[PDB]
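All protein chains of the complex are present and in place, except for one that has been dropped.
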Amino acid sequence: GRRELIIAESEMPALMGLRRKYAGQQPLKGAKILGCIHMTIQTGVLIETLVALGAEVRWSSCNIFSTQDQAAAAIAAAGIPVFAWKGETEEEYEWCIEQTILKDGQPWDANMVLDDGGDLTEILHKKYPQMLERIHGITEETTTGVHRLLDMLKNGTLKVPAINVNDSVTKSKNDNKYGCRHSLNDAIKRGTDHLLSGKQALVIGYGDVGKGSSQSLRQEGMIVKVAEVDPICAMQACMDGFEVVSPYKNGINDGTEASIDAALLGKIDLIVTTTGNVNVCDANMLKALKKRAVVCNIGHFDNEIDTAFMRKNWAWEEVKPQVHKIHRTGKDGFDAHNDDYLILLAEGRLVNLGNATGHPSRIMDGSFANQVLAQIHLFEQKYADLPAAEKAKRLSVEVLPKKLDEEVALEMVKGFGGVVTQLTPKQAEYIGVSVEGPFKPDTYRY
Amino acid sequence: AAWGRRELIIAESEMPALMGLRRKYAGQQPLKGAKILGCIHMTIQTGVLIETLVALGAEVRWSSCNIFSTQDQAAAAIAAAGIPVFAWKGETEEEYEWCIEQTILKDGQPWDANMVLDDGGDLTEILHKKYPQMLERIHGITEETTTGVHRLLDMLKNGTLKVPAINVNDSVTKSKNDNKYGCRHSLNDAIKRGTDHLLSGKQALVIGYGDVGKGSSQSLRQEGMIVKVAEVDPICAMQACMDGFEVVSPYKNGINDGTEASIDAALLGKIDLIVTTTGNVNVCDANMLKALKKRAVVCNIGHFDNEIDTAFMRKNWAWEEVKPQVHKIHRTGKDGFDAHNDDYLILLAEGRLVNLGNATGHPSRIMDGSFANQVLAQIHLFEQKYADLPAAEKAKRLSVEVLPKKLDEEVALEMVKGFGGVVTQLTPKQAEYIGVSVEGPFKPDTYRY
Amino acid sequence: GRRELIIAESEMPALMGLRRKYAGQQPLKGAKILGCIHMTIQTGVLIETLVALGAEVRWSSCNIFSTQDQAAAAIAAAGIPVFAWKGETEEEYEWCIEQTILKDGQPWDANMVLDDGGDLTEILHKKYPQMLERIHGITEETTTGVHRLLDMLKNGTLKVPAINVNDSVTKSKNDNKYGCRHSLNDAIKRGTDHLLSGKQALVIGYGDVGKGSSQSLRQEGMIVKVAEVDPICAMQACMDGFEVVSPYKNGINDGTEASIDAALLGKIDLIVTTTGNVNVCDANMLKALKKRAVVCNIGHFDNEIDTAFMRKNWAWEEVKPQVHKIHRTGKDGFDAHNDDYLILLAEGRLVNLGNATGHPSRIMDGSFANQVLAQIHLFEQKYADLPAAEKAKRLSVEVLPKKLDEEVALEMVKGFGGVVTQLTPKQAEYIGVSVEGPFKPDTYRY
Partner (left out) sequence: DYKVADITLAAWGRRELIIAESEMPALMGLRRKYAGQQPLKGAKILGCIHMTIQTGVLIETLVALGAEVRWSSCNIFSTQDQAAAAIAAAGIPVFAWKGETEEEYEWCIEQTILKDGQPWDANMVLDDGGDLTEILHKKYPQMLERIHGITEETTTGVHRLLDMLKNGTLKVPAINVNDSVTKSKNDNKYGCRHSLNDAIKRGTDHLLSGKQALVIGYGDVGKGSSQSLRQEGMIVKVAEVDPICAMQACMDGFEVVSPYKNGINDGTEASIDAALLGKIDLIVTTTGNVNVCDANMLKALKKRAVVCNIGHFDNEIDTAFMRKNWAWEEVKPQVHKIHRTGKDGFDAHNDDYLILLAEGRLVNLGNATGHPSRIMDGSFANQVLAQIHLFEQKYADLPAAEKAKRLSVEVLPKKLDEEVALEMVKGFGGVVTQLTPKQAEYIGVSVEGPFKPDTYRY
C-alpha cells in the first residue's frame, strides 16, 4: 500500500518540508476534501494533513479517468474509501452525470475538491448559490491555463475570489530553463546512438526550448547555427556563442527556390525545430541538404515541418521504430542507398509522447506545493464573513503572490543542502522590503 | 582638436545601431525643428550619439552631469564645432551647478525648446523648482536611471508633475545588454590587469545572484574557477543550484547577531577572492574579513562603497598603495607593517566599481544598444504633436510610460546586422496565424526573456 | 548479415578510405599472409581491405571465447568455411594448429604473418622452422605478448622482424579521450535516472580516463572532486578547475578509524573509482560516508573498493537490476524504511554483463587501420636480397613509425569535411621534414 508512497516520499522536498514545518499549529480546520485531478501514484500525497481534511476523499475524479487501478492496493488507510476505476469499459455517465456532486458535496459546506476546471464554475456554484460571503471550502484554485480567467466570472455575478496557482515563477523555470532539459537529450542521447562531435547542425528558433537545446549540443561538441524572426532572441543568440543565419536568401522569403542560400543548406545533417509556427521548414529547404539529414521536431504541436506533400513524393520507409529513411532523389532503384535518403529522428511528433512514455514526478513538486499553500493565503482572514460594503473593495483576480513562491523555493534550496541568509532589520528597511519578503515586484524578469 | 576626431572615427564603426539611423530614415528627417537640451556625460560614445542626433535635422545643446567624469581632450572637438561644453573640472567645484545654469537660461526671455535628454540629473531642482510654468513648450523628458523612474512616478502620484516623460531602463535591449553581458566581458579584464593571477584552480565567493550576479558567475567559471553563491532571495538562490554552483552563507545557520561566534570559519578559510554584486549595506562585515584566508582579493561591482566595509579598515588595518587599482591592507594593525610579512590583503580599487577603475567597461558595442533607445524616444515624442492637441487633453496624457516594444526591436535589429547575421521575415499567412503582425512585436508585455 | 556489413562499412571511414585510395597500386602483389585475430565484425572488413590490394590471405581460429555462432550466417556467402567454439575447448586447439597450418600433408610458406595473442609465433619454428628463415616480418596485436616477443628476440629463437600495432597516438586519442567518455553517462542514467545538477561527487584517479569522467560530470551541474597519487596528474587536475582531496588525514592510511576525514565524506553523494589499484576505498571510509550515497567503479579490477565487507558484516537486497541496496544497520535488524543505507551500481565490477551497452563498434577501427600500413611497410624491403651482415641491423623490433600514423589521421579529417594545407618546397627545408614524411620526432608527446 504505502510502499508506493515510500518510493518517492521525501523525493519531493517541498511538500515534505511543508509537512515538517506545519506539523504544529495546524491550519485548514474547516472543510472536507474530495479531489478530482488525475490520481497518479505521485498525486495522492497532496492531502498533506489528512486530519485537517475530509480523510475520506474518495477522489471524486470529475475529469476523465482520473482514478487508477493502484488505488485499491494503495489507499487502504482508516476511513478513506476509494473507487479504483480506470477507463470507460462500463458506463461513465452513471457516476459522472449522476456524480456525488450532490451526494458527497452536501450543501452544508465542509467539502472541497481543489480540482482543474472548477467543475462547472457558474452552473456549479449556482446550484447552491449561498456559499458567497460564507467561504468555507473551495475558492476556485484550478491551475488550467486553458481556463485562464473565464471572463464569465467577471462580467457575471460570480464574484467569489479566485487565485489560480498556475503561471507562477518557479513553475515555468523548473520546466524550461532547467530541470526537464532531457528534451533533446532523448534523441541526441542514445536515440540516434551516434557521436555528434565535429558535425554541423541547424536549430530554428531561440525561445526557452531553443535556449535549452543549444547549450547541450555545444557542450556535446557540435557546430550549431541559429535562426530567428524576433530581433531580441536573435541578439541573444549572437551574444552567447552562435552565429545567426536564415535559410532564405538575403532575408526575404517570397516565391521560389531562388530565394534560399544553397551553400549552408548542403552541409547540415541535423535539424531541430524549437518553433510553434506553421511552415518553419517547408518543402523548400529539404530540397537542399547534405545527402543525409536527421529531423527531430521538438516544437509544440505537429503542424511544423512539411505538409501533406512529403508523404507522397518522398517514401517514408521504416527500418527502426521512431526512425525512417525518407528518400530525396531515389527515383526507382528500390534501394535508396546512394546517399539519397533522410532519417526521421522522431516519428514526426513530440518526442515526449512518441519516444517517451513515463515522466519524472519532480516537475510537479513545485506545482502541488504552491497549490496546497494557497489555501492558507486564503482561509486565514476569510473576509467573506464580513459586511458586503468591504466585499467589493478588494474584488479582483490575481495570480499567486511572490511570498507563496519564495517559501516554496526555500524548501528546494535546502533540499540539496544549502543555507539562505536572513536579512537583518536594518537591511530590510533600507531597500524597502520586509524581512520575511517579498523582495521583488511583478515586473522583474529574473 | 583634430586628434579627437581621429579617436572618434575608429570607434564609430563599432556601433551599427546609431549609424543605421542616419540612413534608415535618410531624407525623411522626422526630427525636423526639434530643440533638445541635454546633460549627458561628454564621452567618445556620446559624441557618436549627438552626431547621430544632428544628422536627423535636430539641434542639441549639452553640458556636464558629474564634472568629475570627463575626457578633457574630447571637449576640444565639440568646442571647435561650436556647442558649448564645460567638461573641464572646476578648480573650486563651484562650476558643478554654475555651468548647468548657463546652458538652460539664455538672455532674459524664454526660448522655444521642446525636448530634454537628461541623465539622472537634478533638472527638477532647476526647471521644475524655479520656473515650472516654462514646461508649456517642452513635450517630453528622457531619463535612463533605474531609480529616477520611481521618483518620477511618485511625483506623478503627488500631482506636482507638469509634463510627461518616458524612461528607457525597463527595456530588454538595455537590461540584458548593460547588466548581464559586459560584466561577463569586463570582470576578467578587471581582475587580470591588476593582479595577473592564474584564476584556474582558485576559489571565489560571490555575494548576490542578480543581473550582475549571473554575468559575474559566468565570467569566473569560463576561466576555470570554483565559485560559491550567497543569496537572500530563495528564487534567485534556486537558480544558483541549477547553474552548477553551491549555496552557502558566511553565518552559522544564517543568523547574524554581531558576535564573533556566528561566523563559519571553515568556509571562509579557503576563499581566494571575494566580490559583491548587490545594492544593500554590509553584505560583508568586518567579521567575514577575520576568517578569510590570508592574501585575499576584494572586489566591488555594486553601487556605493557601503556594500562592503571600508570605514573599519581605515581605522584598524594598515593601508598601502602602488597603483590606483590595487591596495595593500594588513590584517595586524595600523601601527606598522613589514615589507615581507604575509598578513596583508589586496583590494581592487578603494571599494568602488572595478569596471570603471580597470578598463572602459562595455567598450563600444554593448553600449550601442543602450544609446539607441534614447534617440528612438525623441522621435516618438515629436510624432505625438503635443502642440496640436488642445489644452483639455493635456491633463489626460500626463503620465509615466516606457518605450513600446515595437520601438525596442528596431534597436536590436541593427545590432544583429552588425555581426553579419540575417533575420527572417514572416510571410503574411504565417504572421496572422500566430496572432502578431509582420512588423508588430511578437510577444506580450509580461514575457520573461 | 548483409545489413550489418553496410552499417559497419559506413561507420569506419579509415578502412574504406584506404580501400578507395590505394586501389590501383596494389602493394600486396607478392605477399603470402595467413592471419587469425579475435573474431569480430571488423575482422571481416579488415580481411576485405587486406585482400583488395592483392594479398593472398588465409584465415583460421586461434581464440576460443572470441568465436560466435551468429557469424555463420555472414560467412555463408563467402566460399571459405570457418570454425567457431562456444567455451574453453582447449583440447580442440591441437586440431586447429594441425589442420590450418598443414594444408595437404606438406609444409607451407608465408612471407609475412599477422596473428593475435602473441603465442602462435613459437608454433611456426616449433613445427616447420625450415621456411621460417624466409619470412619478412611479424605483426601481432596482443597485450603483454610484446614482452614475450622481445624476450625471445633477446633469446634468439624466432629470427624474424616484428612491429606492434597497439602503441599509437591515433589509437589513444580516439578511445582514451573520446571512447571511454561513454559509459559514465550511461551508467549514471541507468542508476539514478534523474536530474543531478547541484549535488556533489568524488572521482578517484586522474590519469587518462579520470579526465573524461571528470569533464562529463561538470557540464551536468555537479561539483566534482578528484583524488590522486601521481603529482603530475594532480597538477593537470588543478589547472582544469577541480579540487584535490584525500579520504585519509594527511594522506596517510594508518588502517585505524581515527585517520579518516569524515567531514568531507559526510557531504558526498557519489563515489566514482577509475584507478586499477587495491583498497583505494577501504571499509573504514565506506562506513563514514553519508546516507543514500551511490558507489560505482569504471576502473579495471573488481577489487578496488573494499567489497565483501558489506556482504559479510552487513546485509544486501535487490533493486532495479544493476542496483543493490546495502543497509548500514549491521547483519540483520531494520525497520520498513530506515535511513542508513548505501547503493551499489555494479558491485565494483564491469558493466559488460548488461548494465550498459558499452563502447560502440568504432573502437576496433582505430587499431585495425594501422595493421594494413604495418603490413605494407614491412613488405617493401627485400629480405631475400639483404646479406647476413646487414640482417643484424634488420633483426630488431620497433613500434609503428610516425609516417604511418599521419596517413591514418588524414582520412579522418576529410571524413567530417575538411582540407589539409600542403607545404611549399621552401618551407619544408626550413623545418627539416620532407613534404610527404613524418612531421614530428619520436619524443613528441602531443
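Letters A, B and C mark the chains as written, and numbering starts fresh at 1 in each.
In this text, contacts are C-beta pairs under 8 Å (C-beta built on N, C-alpha and C of every residue); 3 or more make two chains touch, one makes a residue touch a chain.
Residue C:251 is the one among C:107, C:251 or C:266 that touches the chain missing from this view. Within the set B:62, B:86 or B:181, the residue that contacts the chain not displayed is B:181. Among the residues B:187, B:247 or B:366, only B:366 touches the chain that is left out of the figure.
In the complete complex, the hidden chain is touched by one of A:158, A:209 or A:239, namely A:239. Across the interface with the omitted chain, subunit A contributes residues 197-198, 218, 221-223, 238-243.
Taking the complete complex into account, residues 5-6, 9-10, 13-14, 181, 185, 189, 192-193, 196-201, 222-223, 270, 295, 322-323, 339-340, 342, 359-360, 363-366, 419-420 of subunit B touch the chain not shown.
Panel shows subunit C; residues 167, 169-170, 172-173, 177-178, 227-236, 238-239, 243-248, 250-253, 277-279, 405-410, 412-413, 416, 418-424, 426-427, 430-432, 439-440, 443, 445-446 of it touch the chain omitted from the view.
We adopt the following convention: only the chains that are shown with their structure count from here on.
Centre-to-centre spacing of subunit B and subunit C amounts to 56 Å, using the average Cα coordinate of each chain. Per-chain Cα centroids separate subunit A from subunit C by 45 Å.
Within subunit B, residues 241-242, 246 each touch two or more of the remaining chains.
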